[PDB]
Each structure stands twice: as C-alpha cells, then as structure tokens.
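Q: One-letter residues, chain by chain:
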Amino acid sequence: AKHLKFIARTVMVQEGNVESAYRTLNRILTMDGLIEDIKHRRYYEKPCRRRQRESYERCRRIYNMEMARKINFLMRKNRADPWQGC
Amino acid sequence: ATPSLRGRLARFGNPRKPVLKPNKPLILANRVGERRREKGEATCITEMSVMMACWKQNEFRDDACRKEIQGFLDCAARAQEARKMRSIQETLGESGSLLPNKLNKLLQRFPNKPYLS
Amino acid sequence: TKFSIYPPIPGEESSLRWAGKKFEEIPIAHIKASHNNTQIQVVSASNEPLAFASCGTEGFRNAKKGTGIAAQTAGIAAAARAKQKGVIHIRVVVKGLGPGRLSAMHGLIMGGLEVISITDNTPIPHXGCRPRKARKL
Amino acid sequence: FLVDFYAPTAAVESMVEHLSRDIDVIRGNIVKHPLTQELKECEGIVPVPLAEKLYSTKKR
Amino acid sequence: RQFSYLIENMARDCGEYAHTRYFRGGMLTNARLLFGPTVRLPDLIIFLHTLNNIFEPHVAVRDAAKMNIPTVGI
Amino acid sequence: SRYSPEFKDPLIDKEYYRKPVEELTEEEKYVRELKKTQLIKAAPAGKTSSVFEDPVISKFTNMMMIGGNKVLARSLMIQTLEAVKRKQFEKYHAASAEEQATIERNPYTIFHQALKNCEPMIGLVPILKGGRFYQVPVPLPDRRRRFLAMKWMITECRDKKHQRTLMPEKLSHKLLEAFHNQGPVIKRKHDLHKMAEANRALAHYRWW
RNA sequence: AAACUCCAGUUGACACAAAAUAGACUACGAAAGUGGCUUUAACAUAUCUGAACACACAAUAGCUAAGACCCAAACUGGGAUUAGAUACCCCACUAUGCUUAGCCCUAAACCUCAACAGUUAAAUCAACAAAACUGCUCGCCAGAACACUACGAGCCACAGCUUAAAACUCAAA
Ligand SMILES: [K+]
Ligand SMILES: [Mg+2]
Ligand SMILES: [Mg+2]
Ligand SMILES: [Mg+2]
Ligand SMILES: [Mg+2]
Ligand SMILES: [Mg+2]
Ligand SMILES: [Mg+2]
Ligand SMILES: [Mg+2]
Ligand SMILES: [Mg+2]
Ligand SMILES: [Mg+2]
Ligand SMILES: [Mg+2]
Ligand SMILES: [Mg+2]
Ligand SMILES: [Mg+2]
Ligand SMILES: [Mg+2]
Ligand SMILES: [Mg+2]
Ligand SMILES: [Mg+2]
Ligand SMILES: [Mg+2]
Ligand SMILES: [Mg+2]
Ligand SMILES: [Mg+2]
Ligand SMILES: [Mg+2]
Ligand SMILES: [Mg+2]
Ligand SMILES: [Mg+2]
Ligand SMILES: [Mg+2]
Ligand SMILES: [Mg+2]
Ligand SMILES: [Mg+2]
Ligand SMILES: [Mg+2]
Ligand SMILES: [Mg+2]
Ligand SMILES: [Mg+2]
Ligand SMILES: [Mg+2]
Ligand SMILES: [Mg+2]
Ligand SMILES: [Mg+2]
Ligand SMILES: [Mg+2]
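These protein sequence lines are chains R, X, U, V, F and S, in that order. When we follow the working numbering, the leftmost residue of the first sequence carries the number 1, and every step to the right adds one. When we follow the working numbering, the leftmost residue of the second sequence carries the number 1, and every step to the right adds one. When we follow the working numbering, the leftmost residue of the third sequence carries the number 1, and every step to the right adds one. When we follow the working numbering, the leftmost residue of the fourth sequence carries the number 1, and every step to the right adds one. When we follow the working numbering, the leftmost residue of the fifth sequence carries the number 1, and every step to the right adds one. When we follow the working numbering, the leftmost residue of the sixth sequence carries the number 1, and every step to the right adds one.
Treat the hints as calculated values from the structure; they're not laboratory data. Please note: incorrect hints may appear among the correct ones.
Listed below are several chain F residues computed to face chain X (Cβ distance under 10 Å; list not exhaustive) [to be verified]:
(1) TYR17
(2) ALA18
(3) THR20
(4) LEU33
(5) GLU56
Quick list of simulated restraints, FRET-style, between CB atoms [unchecked claim]:
(6) X:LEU98 to U:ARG61: 47 to 53 Å
(7) R:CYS86 to S:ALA43: 53 to 59 Å
(8) X:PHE12 to R:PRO47: 49 to 55 Å
(9) S:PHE147 to U:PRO49: 36 to 42 Å
(10) R:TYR63 to V:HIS33: 29 to 35 Å
(11) S:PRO126 to U:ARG130: 39 to 45 Å
(12) S:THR155 to U:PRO49: 39 to 45 Å
(13) X:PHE12 to F:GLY73: 34 to 40 Å
(14) V:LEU50 to U:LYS21: 38 to 44 Å
(15) V:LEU39 to X:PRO15: 42 to 48 Å
(16) S:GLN113 to X:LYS39: 39 to 45 Å
Simulated crosslink set (DSSO-like; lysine-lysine; CA at most 27 Å straight-line) [stated by the list, open to error]:
(17) X:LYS21 to R:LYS39
(18) U:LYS136 to R:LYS5
(19) U:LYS22 to X:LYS21
(20) S:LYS70 to S:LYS85
(21) S:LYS91 to X:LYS84
(22) U:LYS22 to R:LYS46
(23) R:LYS46 to X:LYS17
(24) S:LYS187 to R:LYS39
Backbone N, C-alpha and C fix where the C-beta goes; we use that ideal spot for every residue, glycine too.
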C-alpha cells in the first residue's frame, strides 16, 4: 500500500503471447513459495499442526534429495548388459 | 545439497530437543513411487462457449453458426486423439524421466543396506 | 533490443510505446478472482472507472459463478464496455487464486483488448489478521 | 545522513524521544556502530558428513 | 559375471567343477533332494569372489560351513 | 464369435481393387500384400457391392426391424422412399417454373439431409457428484451423433399420437419436415441444445 | 438457504492486533517457552549428586479489577443437513485470545528415555521403539478395577488443586 506499484511480481507480455507470460508469472510465484503460502493461509493452521507439517516436509525433502542423488549416481549403470549370457 | 541430519532427530547422544519427528525411519527404500496419472480436466470449454454464444444470438439456428460449430467439433477431435496418444504412446514411449518399472530394476541391483552383513 | 520481462520504470526514459501511449498511461484491468466469484474492473491511468463486469452481473448465480467459463463471460463483457470508451491496451493486475484467475484474462483477450503486462497483487500478510479456523471436512 | 558519536548508554533513550518530536526528520534510528564490533576471522567452510548410526543395524 | 566365462574354462581344463551362475537355494544343504540319495558333495570349495551381485556374502559361504566343507575365498 | 481372431473383416468395394498398381503407395501396396495371407470373414448378407447400396439406409432399416422381420422392415423403408418421391413429384408439377428449380426430388438426398439436420452437436451426461446428478454438457462422438438422429426419427414415428397411420406415411411426413428444418425431431435437437447451453456452467464437472 | 445490499470494485488516509521470505538454519533458556526492528540491563557455580516438609518459576484454559476492538471464536441465535442433529457445513455476535496489576499451579508439561563421569569389548540384544552397557547418587514402582475417588490435611484455590485410601468384585488386566 505504500510501495511503488507495477514493479513487484510484474511480467511483461512479449509479442502478445499472454499464455507464456502468465506461466512465467505462475512459476515465479511458485518458486518463491508464494503460491503454497496463500493456500495454507486460507484457514488458520494452529502452531501444533504447522510444526508437524514442517517436520513432514523437511523429512520429505531429505528423502527426496537423497533418493534423487542415488538415481543420478546409478544412472550410468542403466546401459545394456556387457556380459550377456553370463 | 541435502540438509544435514546431525542433531535433528531425538536420540541418546543428542542433548537438545528434536528437530524432526519422522513417522517412518529415514532409510532409502528399494522402490520409488509409481507415476501418478494426470487429473482429468474439461476440454474445449472455450470453443464450446463460443459455439453456444452464437446460439443465444441466433436463436439456436445451426445455419447461422456453422463456423463456430465446426471450431468446437474440430477441438473435440483433437482432444480425443491427443488423449489416446498421451495415454498410450507417451506412456509407452518413456518420454522424459525413466519409468518406475525400469527404475526399480536398477535400484534393486544396488539395494540399500541399513544392516550389517 | 532484447525483450525485458521487467516493467519499465516510470522515472526512467524508455522507448517502448503502445499506440503512442507510455507504460504509465496504459489503462489498468484489475482482476479479483475469488474462490466463488470473479470481479473485473478496468480503470485508466487517472483512476477513472471505464468498465466493470463480474460473474454475478453476466447471468451466473450461486455455484455457477465460481467457474472458469463464468469468469470468461465476464471478461468478454468487461472488454466490450471498455472498448466502447476507447480502451485497446490494458495492464492486468490479477488478485486472488480463484478458478477464474486465467479464464477471466482470456475473456479480455477475445473481447478485443491487448495484454501487455501481467501483475499479481494477491494480499499476503507478513505475520496480520488470524484467518478462520480449519474446516472439519 | 549518518551521525557518528560517542554517548553514554542513558543518552540513547533521550535522543530517540528527541528525534520523534522533530518534524523535519523523516526517520531516525540509533544503532551500534558496525566498526566497533570486530568480525572474527573465518577459516572457511567445513563439509558436514552424512549423519550415521541414526538407526540400529537390525535386519528389518 | 565379468569373469564367469574364464572360471568355467579354468575348471574344465584342470578337471574340476565351477558354479558361476545363480546359486539355487539348497544346492549344498539340500543336495540329497536336488540330485539324489547317493550324491557326493564337494570336499573343498574355492571362492574367487566371495560376494554376490548385491554386495553381500555369498550364500554358499554359509552353506559350506554348515556342511563342514572347507572354503578358500579371495 | 465363431470367427477366430485371425479372421479379418472383408472389404466390399469394387473400385478399391480396380485401382492401378502404379497409383498405390508403398504402405498401400503392403496392405494388399498382407491381406493375401490373412483369413477373411464371409461377406454378410446385408452388405453388397451394388451401386444402389446405401449404408445409412440399411442402418436405418435395421433399427426399424422388430423381431428379426427384415422383410417387413425393408418393405417399410422402400415404401417411404417411394412415398417421398411421389410427394415431391406432385409438388413439383404443382409449382411454377421458378419454384421448380429449388424442389428436390431425389429420395436419397432428402433422406440423407433430413438425418443430418437432426444430429445434435452436443449431448448431456448425468454426472454423480455431491450425491446429485447433473446434466453436464459433453462433446459427442461422430457415431453417437448419427445414431441419435436415427433413433429420434424412429421414436417419433412409433409414438402413440399418430392414429391409424401407416409407418411409410408417418416416416415420409417427418422426413420432409426435417429436410425443411421443421417438425418435432428437429425441435428435439433444439431442446437438447437449449438444456446443454443452459447448463453450460456445469461443463467443468466432466474429467475428460 | 440465510445474511449484507449504510454493499462491492479502484484510489488515498489509516493499530494497544499478528510478526511472509530468511528457516534446506538448529541457536538460546532451568523447564515452560523463544523466529519484525532499535536501544538498555543481562544469560548462577573452578568437583559432582542432592529438598513431594523449603524457596523461585511453570504453554494453554479460567477467576479478579481497569482499559484496547482488527481478526478469530466457547456459548447463543439464524440457515441447512438428518429418522432426530442440543454436531459436522454456512452466517452473525459475546466471554476469551491483547495490555496493566493480582491470582490459578494443570497438560500426551512426552524427546513418556533422570544428573555426573565413562565404554563400544565380551554374553550386543525378549519384542517393538530411538544399539548395548559400566561407576555413583537421588526420585519413583510392586496384579486389574474401585481411583486424576472417599476421608484427613494444606493452599488468595470454594463446581478447584496437591497428597491419597479402604470394603465389595475379578483371574485376569
Ligand atoms: K515478519
Ligand atoms: Mg502500513
Ligand atoms: Mg540446550
Ligand atoms: Mg510413529
Ligand atoms: Mg509421488
Ligand atoms: Mg437469499
Ligand atoms: Mg482498499
Ligand atoms: Mg503482539
Ligand atoms: Mg510477538
Ligand atoms: Mg517456514
Ligand atoms: Mg529484538
Ligand atoms: Mg535487543
Ligand atoms: Mg549459565
Ligand atoms: Mg545440586
Ligand atoms: Mg501459568
Ligand atoms: Mg489469560
Ligand atoms: Mg469464583
Ligand atoms: Mg475485562
Ligand atoms: Mg469476526
Ligand atoms: Mg451470544
Ligand atoms: Mg441450531
Ligand atoms: Mg471480543
Ligand atoms: Mg511442550
Ligand atoms: Mg513423565
Ligand atoms: Mg535429578
Ligand atoms: Mg553421558
Ligand atoms: Mg534382535
Ligand atoms: Mg487432573
Ligand atoms: Mg481430588
Ligand atoms: Mg483418610
Ligand atoms: Mg476433601
Ligand atoms: Mg506438582
């Protein structure tokens, strides 16, 4: 209300391709976490429930990043069998 | 970089209060989650809206709305063909990430061992 | 020159023009996409109302309002009344994450208006009023 | 503008009240001078090993 | 699997036996059922690789100890 | 089915097999070569290679059949076509030279166009959401559009409103009105469109 | 549906309320607690353990007295659902959540895992959970239910809290 307008979260439409600009705006909000913040703010999340959700997400992130690292680590083994028949 | 797990969990050595309370042990499994099908959405709503708009203006006469009717009819043909191709060719084509069925075969070649052998 | 997604600064001098009007003088099309209804108002640079439309004012009532097609109908109507007063290019300021967030913008495009900038002005308090309690669904 | 000065601790509270009544001051904040604090020398970044022995080695 | 071909040829040349394939359960402990009542178990087992393809001890290592068969393993 | 899955549907088209070899494409040549090694089903009695064969008319005739009485079903079809042609001929001779130009006397052209005018562009599917059924507008497949046109025509002719009126007379009368964008069958299409347009805000319920 | 229509949208002015992102950080405090900014004061013990006759604290809810009004919201009212709905859904609003002063002394106050000093060797080890133990001290526990109860006693507590039984009953819990 006291900041300059048409600067924050503003995407310029290029050559009238509104579809690309809106997806760019949507992705920027998602990456900064604004989209997920708004949804959880629709109904109040009690402090006990928020900590349980945060702990679940933090544990989820650790498992997701560790499993992703192993998949990339073992991806080089996805080649064909070099000892076929043995 | 993976977030550190030193002192996060409540243990015997840890003097501080726990940071994470996982309902399951933090051990990598031998399987990944199967691919989740996309939730269905209504298609050709825009073309349907345009076609139905002219009917209100032209008293539901098809002769005066031939161009808009064909536009919606063409969209349904494309949507039906794309849906069949996406469900069959794209799923079988293995486009993008590796399929979970093939990924699980690679994972079981190098199983995670949380025990001592 | 290479296209810049960042809007030009009003203080600075920029060569971008739309029908001889600078970016600061373009009329603004504010969109309020709630969970149940979509309200679209087009105003000029001098905060002069030009056109207003919503799902409730375009033959949709109750649950029918909270749909994309209802928002699209309002967008077309909002463009039609704005186009009568000489509006061609608009700056879109969408507020809310309702179902008509994008469909209402489509109605403006199909109604004869041109979109040059998209801005999201969803109110996000930084700590603010405590929202209502969770639903036991 | 920046004003650097040496004042007793009790002089900080009085100055804050003074600045509020001044109509020509848009905003006035009194903070410690950042040069007074000495930045401790940093050796670098020590890699954090993956946590081990978090669970028993029993065959589940 | 890389040296499976070599070990089988070496066993044939020296007139001995090789098992470089998948080890079916009970080949040693339940040999009297898989082969016959009068089968003769090996008097010595040599492991050129003591680990299976999941990096765990070979099943025959534990089985040979049960059947009091000495093992020589690399 | 007594036909094994290896059997293929026969192709009844004289001009298909008379096409010169040069005009055939590589894929089209492969199809002809492949069919020489595939089992072929016997040709059904309904379909023939006669130049007078009309797939739509035979399809409509089958839908009029009751208890396998195709002889009576086809008799009602041919009498309807004869009745339509006779009615148009009477109107043609009673019309002035200028009006005679726009009068159609071909029974097949009238029959085909009349069915086309009755085809609905969109349909309604009752969707169970929230413990209630809503008539959600949906696009209709090409086969469904033509089937609805024939079923609507037959149902109106079999209605009890008509008294002591033969089927060839009822069917011929409705075909002309449909060909002129009039009658109850055409009104049925508009009523379906009006309900679909009225419930257009429920078009997001469908998940396909 | 009810409610609102003294309404909604754009713009400006505009807190005694609550503190996005940082935070994938794991820090501080005895615990409870602590995550907007600045300043002041300030974070006990040169051996350890140690007071449920002591003293000082103790989330939330609640009482008492005077204020603050945005939002949320017991109870209540209205709308709906239902066989009924004193509920779940919707709306409106009060106590209350905030501040000052004095109370209340409870929690799944649970990381249900005592403080200090150690060990990873043997028999490691019922199970599961968060691997198994040594030295020392304090607190606590001895079948289930009756029983976070009765009585006695203490308490700014008076529908309360703390301490805490018995008879009858069961062969299980
Ligand atoms: K904040
Ligand atoms: Mg402000
Ligand atoms: Mg600590
Ligand atoms: Mg658990
Ligand atoms: Mg998944
Ligand atoms: Mg009403
Ligand atoms: Mg406002
Ligand atoms: Mg506060
Ligand atoms: Mg605070
Ligand atoms: Mg956070
Ligand atoms: Mg501070
Ligand atoms: Mg401070
Ligand atoms: Mg200390
Ligand atoms: Mg002590
Ligand atoms: Mg308290
Ligand atoms: Mg209180
Ligand atoms: Mg009282
Ligand atoms: Mg009061
Ligand atoms: Mg309220
Ligand atoms: Mg009340
Ligand atoms: Mg009630
Ligand atoms: Mg109040
Ligand atoms: Mg706690
Ligand atoms: Mg305890
Ligand atoms: Mg102690
Ligand atoms: Mg210790
Ligand atoms: Mg064990
Ligand atoms: Mg109690
Ligand atoms: Mg008591
Ligand atoms: Mg007593
Ligand atoms: Mg008493
Ligand atoms: Mg106590």
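Q: Could you run down the list of hints and mark each one as holding or not?
A: How the hints compare with the structure:
1. Using the Cβ-Cβ criterion of 10 Å, the hint placing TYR17 (chain F) at the interface with chain X is not satisfied: the shortest such distance is roughly 27 Å.
2. This hint is violated: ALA18 (chain F) has a C-beta 24 Å from the nearest C-beta of chain X, more than the 10 Å allowed.
3. Residue-level restraint check for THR20 (chain F) is violated (minimum Cβ-Cβ distance to chain X is 18 Å; threshold 10 Å).
4. Hint status for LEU33 (chain F): violated, given a least beta-carbon distance of 27 Å to chain X, over 10 Å.
5. Interface restraint check: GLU56 (chain F) against chain X, minimum CB-CB distance 5 Å, threshold 10 Å, status holds.
6. A C-beta distance of roughly 50 Å is found between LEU98 (chain X) and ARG61 (chain U), which places it inside the suggested range of 47 to 53 Å.
7. Checking the proposed 53 to 59 Å range against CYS86 (chain R) and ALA43 (chain S) shows it holds: the Cβ atoms sit about 56 Å from each other.
8. In this structure the hint that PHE12 (chain X) and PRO47 (chain R) lie 49 to 55 Å apart at CB is violated, the actual value being about 28 Å.
9. Restraint check, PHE147 (chain S) to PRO49 (chain U): a C-beta distance of roughly 53 Å breaks the suggested window 36 to 42 Å.
10. Checking the proposed 29 to 35 Å range against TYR63 (chain R) and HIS33 (chain V) shows it is violated: the Cβ atoms sit about 47 Å from each other.
11. One distance hint, 39 to 45 Å for the beta-carbon pair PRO126 (chain S) and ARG130 (chain U), holds here, with the actual separation near 43 Å.
12. Remark: the range hint 39 to 45 Å for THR155 (chain S) to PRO49 (chain U) is contradicted by a beta-carbon distance near 55 Å.
13. Distance hint check: the CB atoms of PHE12 (chain X) and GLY73 (chain F) are about 37 Å apart, consistent with the given range 34 to 40 Å.
14. For the pair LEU50 (chain V) and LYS21 (chain U), the supplied restraint of 38 to 44 Å is violated, since their beta-carbon distance comes to about 59 Å.
15. Between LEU39 (chain V) and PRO15 (chain X) the Cβ separation comes to about 29 Å, which falls outside the hinted range of 42 to 48 Å.
16. As the Cβ distance of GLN113 (chain S) to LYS39 (chain X) is approximately 42 Å, the hint placing it in 39 to 45 Å holds.
17. For the suggested pair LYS21 (chain X) and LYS39 (chain R), the alpha carbons sit about 24 Å apart, so the restraint of at most 27 Å is met.
18. A C-alpha spacing of about 39 Å is found between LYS136 (chain U) and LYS5 (chain R), which places the hinted pair above 27 Å, so the restraint is violated.
19. A hinted pair counts as satisfied when its Cα atoms are at most 27 Å apart, and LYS22 (chain U) with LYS21 (chain X) does not qualify at roughly 56 Å.
20. Between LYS70 (chain S) and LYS85 (chain S) the CA atoms are separated by roughly 22 Å; this keeps the pair inside 27 Å, and the hint holds.
21. Distance restraint check for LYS91 (chain S) and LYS84 (chain X): the Cα-Cα separation of roughly 50 Å exceeds the 27 Å cut-off, and the hinted pair is therefore not satisfied.
22. About 48 Å separates the Cα atoms of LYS22 (chain U) and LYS46 (chain R), which puts this hinted pair outside 27 Å; it is violated.
23. With a C-alpha separation of about 20 Å, the suggested pairing of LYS46 (chain R) with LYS17 (chain X) holds against the 27 Å cut-off.
24. Only pairs whose Cα atoms come within 27 Å are accepted, and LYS187 (chain S) paired with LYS39 (chain R) is rejected, the gap being roughly 48 Å.
Against the hints set out earlier in the document, violations occur for numbers 1, 2, 3, 4, 8, 9, 10, 12, 14, 15, 18, 19, 21, 22, 24.
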